[PDB]
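There is one chain below, alone, in structure tokens, taken in the form deposited without the named molecule.
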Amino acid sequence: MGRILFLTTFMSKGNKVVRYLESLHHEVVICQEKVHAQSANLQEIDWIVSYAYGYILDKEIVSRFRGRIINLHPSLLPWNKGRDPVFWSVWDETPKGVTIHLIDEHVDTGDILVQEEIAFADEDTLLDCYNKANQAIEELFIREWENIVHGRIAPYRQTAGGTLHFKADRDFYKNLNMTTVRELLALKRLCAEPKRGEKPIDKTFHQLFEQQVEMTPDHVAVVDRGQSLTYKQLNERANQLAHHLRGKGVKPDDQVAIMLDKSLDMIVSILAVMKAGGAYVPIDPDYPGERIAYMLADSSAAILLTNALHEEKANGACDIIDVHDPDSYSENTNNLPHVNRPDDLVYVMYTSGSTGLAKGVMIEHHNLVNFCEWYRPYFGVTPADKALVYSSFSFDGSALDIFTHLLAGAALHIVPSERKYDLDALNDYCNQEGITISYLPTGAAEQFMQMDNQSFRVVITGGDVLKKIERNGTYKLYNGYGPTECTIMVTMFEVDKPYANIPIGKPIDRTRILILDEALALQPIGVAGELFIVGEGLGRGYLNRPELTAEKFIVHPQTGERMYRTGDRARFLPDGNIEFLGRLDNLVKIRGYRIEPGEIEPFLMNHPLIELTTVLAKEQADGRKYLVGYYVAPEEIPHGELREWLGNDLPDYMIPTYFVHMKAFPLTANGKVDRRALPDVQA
């Protein structure tokens, strides 16, 4: 009857459409590559049918077959024009359907011939939807085809609007072809940028602090031994010092080093630096002078705020201002004119430096403000609260102690490093003064659970792997996670019940967390990946290490968002909470499978009688490694039972081949388990 040209690049040559036309005595030419107007294949062509065609036809060809070029697009046009239509139908939650239409000069904008709605089940995979839409449009083509040939159908224009997507738009969602419609949308909720956005931050910390002083000026803000300062007193004195600092040339983003012990002068010093305009650089005086001289060198601090006692530890490195010299304080008690922006620096804190050299982490005001603004309502902090200034001067945990509670109008209690280690005398101090909320490093926290405490209402911990929950006190227990690079913490979890692996919770305000794979593509919920952080938590980066900064604070290839590569390994749970799964460079090759040893420790320890476990990886010198299971228990446990115990919750390739019983572990000075001090096993 007529010779038809079938254009497609994805579909098989033996699609139902191809055979139905052959059944009607039509010659079907198949062509899966771009074609030009010169090609003689055009001659003796009565109809051009395209179906999943991956090229465009020259405008010279569309003008010669006007009214004779037909295309099958498994979408309910104008929705989901372009590439990967079925997918974007599910992701963007558009109307579902399939359309047979005329081609035109643009992408799937031509007039419609026949249109039919389709439905996708919440349990269908995306592959299922792809195949059902193909199955539906094919059958629709067959039904109305004769109505196409004789052209009796009246073409109608597309509804206004619709969406469009391009070829590469799907690169980010590549790992989801086999995921479910329900599971997919769930991933969209947890990771997609919210359409409705929380207002950005337009305030510096000292702005908000100065507001709090006007509201509760005579409230005690900080207590050290018997001495105390009110919000007004603290504000006026910090103002006096801040004037002297700006007169000495302090300008925004300038660094000012502070070297003091926990005291009132420390709090005055911190606020004075902010108010002047700059960011403060805490230097614990009990550091090796080697580190002190390095922190002072890497930091551009021309000024040093410090004590007569600790003055010399600088070795005349920088200009010194004595917080005990009455001439370092100005006559002016008024707040200074604000010169800062929220993206100016507020503080610079240095990393451990155990692996590599110590990096100076730059944190901006808006980072700190966002956390303190999330902290106040989340934990219901009120002026009636009292918090410990416990963590060290130069750890972001101190930023929590001081700043969160100051903007809530609460009362800070200085902890002398003298009373810091004797947690028993510390508990006595807490119950006496009525301490209600505070952050304690893990272990320091786990120890405090042994003490009978009645004062606390909330204790917050994190930074290490929490493993003990039972506690004497009547207070809620919270566990959170986050690198210093992203301002204190970016997630929090309320420890309601015991867990083999205690989750790290859900993100805080203006923060999103993405579990991505090695290609930086999305992982379905429940699938482990690298934890990426997004939003207002991300600091500026490392000081004087720009290349290194751009390695960790990336511009995502597909998304374009700024994100922090944590190097950590985690996954989302069904209820939305996040679960930490160890570091990423701790991975090793085990029978052709990438595995994190230590991901097994929770399951072992979950067994009733086992109390402490650490699984390691040892090489046989044959380029092959094997897993060894170390566990403390009353007595030996048969290899057949443990292999079966883990088998319930773990694959077979993860189950360790060797198990080692020991009545105890060589705990290091820290109190944790020394991984290397354990015995080795050959095989």
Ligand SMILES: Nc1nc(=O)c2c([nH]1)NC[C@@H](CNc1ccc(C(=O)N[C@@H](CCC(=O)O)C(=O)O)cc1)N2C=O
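By rigid core we mean the largest C-alpha set that fits within 1.5 Å across both forms. Numbering follows the first chain given and starts at 1. What changes on going to the form deposited with the named molecule bound:
When the two forms are superposed on their rigid core between these two forms, the C-alpha shift of 2 Å or more among 498, 316, 197, 155 belongs solely to 197.
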Contents of the next structure:
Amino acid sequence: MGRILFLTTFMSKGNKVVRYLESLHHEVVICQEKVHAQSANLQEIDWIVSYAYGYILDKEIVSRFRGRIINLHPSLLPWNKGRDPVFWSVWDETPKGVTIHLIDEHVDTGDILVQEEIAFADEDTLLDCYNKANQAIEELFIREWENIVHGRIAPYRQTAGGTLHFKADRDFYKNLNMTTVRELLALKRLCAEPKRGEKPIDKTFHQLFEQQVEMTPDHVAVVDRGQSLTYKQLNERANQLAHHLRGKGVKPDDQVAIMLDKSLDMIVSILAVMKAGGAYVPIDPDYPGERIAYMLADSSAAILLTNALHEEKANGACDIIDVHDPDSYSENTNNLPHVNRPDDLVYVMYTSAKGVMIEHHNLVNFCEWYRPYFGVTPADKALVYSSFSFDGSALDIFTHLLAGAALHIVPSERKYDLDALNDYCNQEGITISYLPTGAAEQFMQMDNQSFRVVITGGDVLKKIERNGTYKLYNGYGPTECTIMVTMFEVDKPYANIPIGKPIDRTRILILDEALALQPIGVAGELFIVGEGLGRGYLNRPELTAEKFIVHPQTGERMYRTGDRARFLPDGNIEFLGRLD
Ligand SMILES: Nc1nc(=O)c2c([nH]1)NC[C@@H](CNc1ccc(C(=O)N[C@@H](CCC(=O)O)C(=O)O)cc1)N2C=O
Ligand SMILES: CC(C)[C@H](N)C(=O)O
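Let's compare: the form deposited without the named molecule is above, so bring in the form deposited with the named molecule bound.
The complete assembly is shown below, putting the previous chain first.
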């Protein structure tokens, strides 16, 4: 009878479709390569049927075979045109079906002949779906072929719109072929790009702090032994120092070093640096004079806020401002005119070394997530415990100041004696704070009735047994992505205590060495994306590039931690040590 040219690159030479056509006494030429007009595969052809053909047809060919080129495409067009349609059908959660349509000059733009709705069960694998569709369309072709040959079907134009996908759009998703529909949608919900409608962060920390001063001005801000400052008192003194600093020429993105012990003067100095416009570099003065000398050299800091006592540990490296000299304080107590943007530096901290750069928007995002998460109110009282050279300090000070809470400085007297500290808290009625895993585990041993919440993380947490009523939370995150990026409420004991779910405006991805996504439950190198990412390492652009990358598929900016982890079925993340 008639000679049929069958085009495919993926499909077998013995498809149900080919056998049916041969059953009807058609000679079926099978071709899997691109062809041109001169091709001997185009001699004496009545119908062209194409099924997963991986090449376009020159206009020359489609015109000569107009009205006689059929394509088998397993999607409910115009949904899911182009490559890997069955997959994108699941991922993009489009309607699912199979379509036989004429071949137009453009990809999958030909008028429809027949169309069928298909269904996938939550339990089917993505390879199950791929087959179930090819099954459905092959059977459909056999049912309606006769109707197609005799030309008795009225082609109808495809509905406007649709989705289109390209060959390489699945690269990022190569490891997901054997995933379940349920398991695949779960992964999307955990790792898919942010939903539309969100706006950049438009505030700096000292903006929001000055905001909070006017709401709770007479509330206690910071306490150190018997001395205390209200938000109003604290704000005005920082302003006086900030005026002085901006007079000395502090400007946005400038570095100002602070070398002091935990004290009211420290909080004033920190806020004064921000309000002036710059970012503060905390230097614990117990560091070896070697480290201190380096931190001041690497840092471009021209100003140093410090004591008469620690003055000499800098060896005249820079201009010094005595926080105890009343001449370092201006008469003006007004808030300074704002000159900062959220992309300006807020602080620079050193890892165990390199200068990590953090911007205001990084810090704002963390505090704005912290307040509502832990339901912090001005009734709360928190401790300044961590060294002021670690990002754990930023949590202690900043989160609670924007909640109107009261900060209590922790002297070395009870820094180590947790029995004595606990007595502090029970007397003063402390309700919340962060303790590193080491210190936190110890504190579980002391009796406590003050706390409402305690937070840990930084090293692996292994014990949960606590005496007090308070809830307990384990967190995770590197200094490079601003304090912590994930948070878990500990409800029951675990052999591996999970580190929780991501915070506001942050996303975490588990990737192959190839940087491809990994199914829920499969380990990989944990990657961070979102508001938390800092500016990088100071004076270390080549190394910054190493750790702050532009993903090859998505083009998003991500931080490579070098930690192993995996997602649990309920959405929480599980730490699995370093990558080695
Ligand atoms: N002329 C024509 N119209 C069609 O509608 C049609 C055909 N040919 N041939 C088979 C199928 C389309 N199949 C495909 C699938 C992918 C590519 C492809 O190579 N896409 C590249 C684009 C890059 C480039 O243009 O070089 C990609 O990266 O996604 C081509 C044809 N098809 C009807 O079903
Ligand atoms: C100390 C902790 C809050 C910090 N994210 C770290 O791991 O260094």
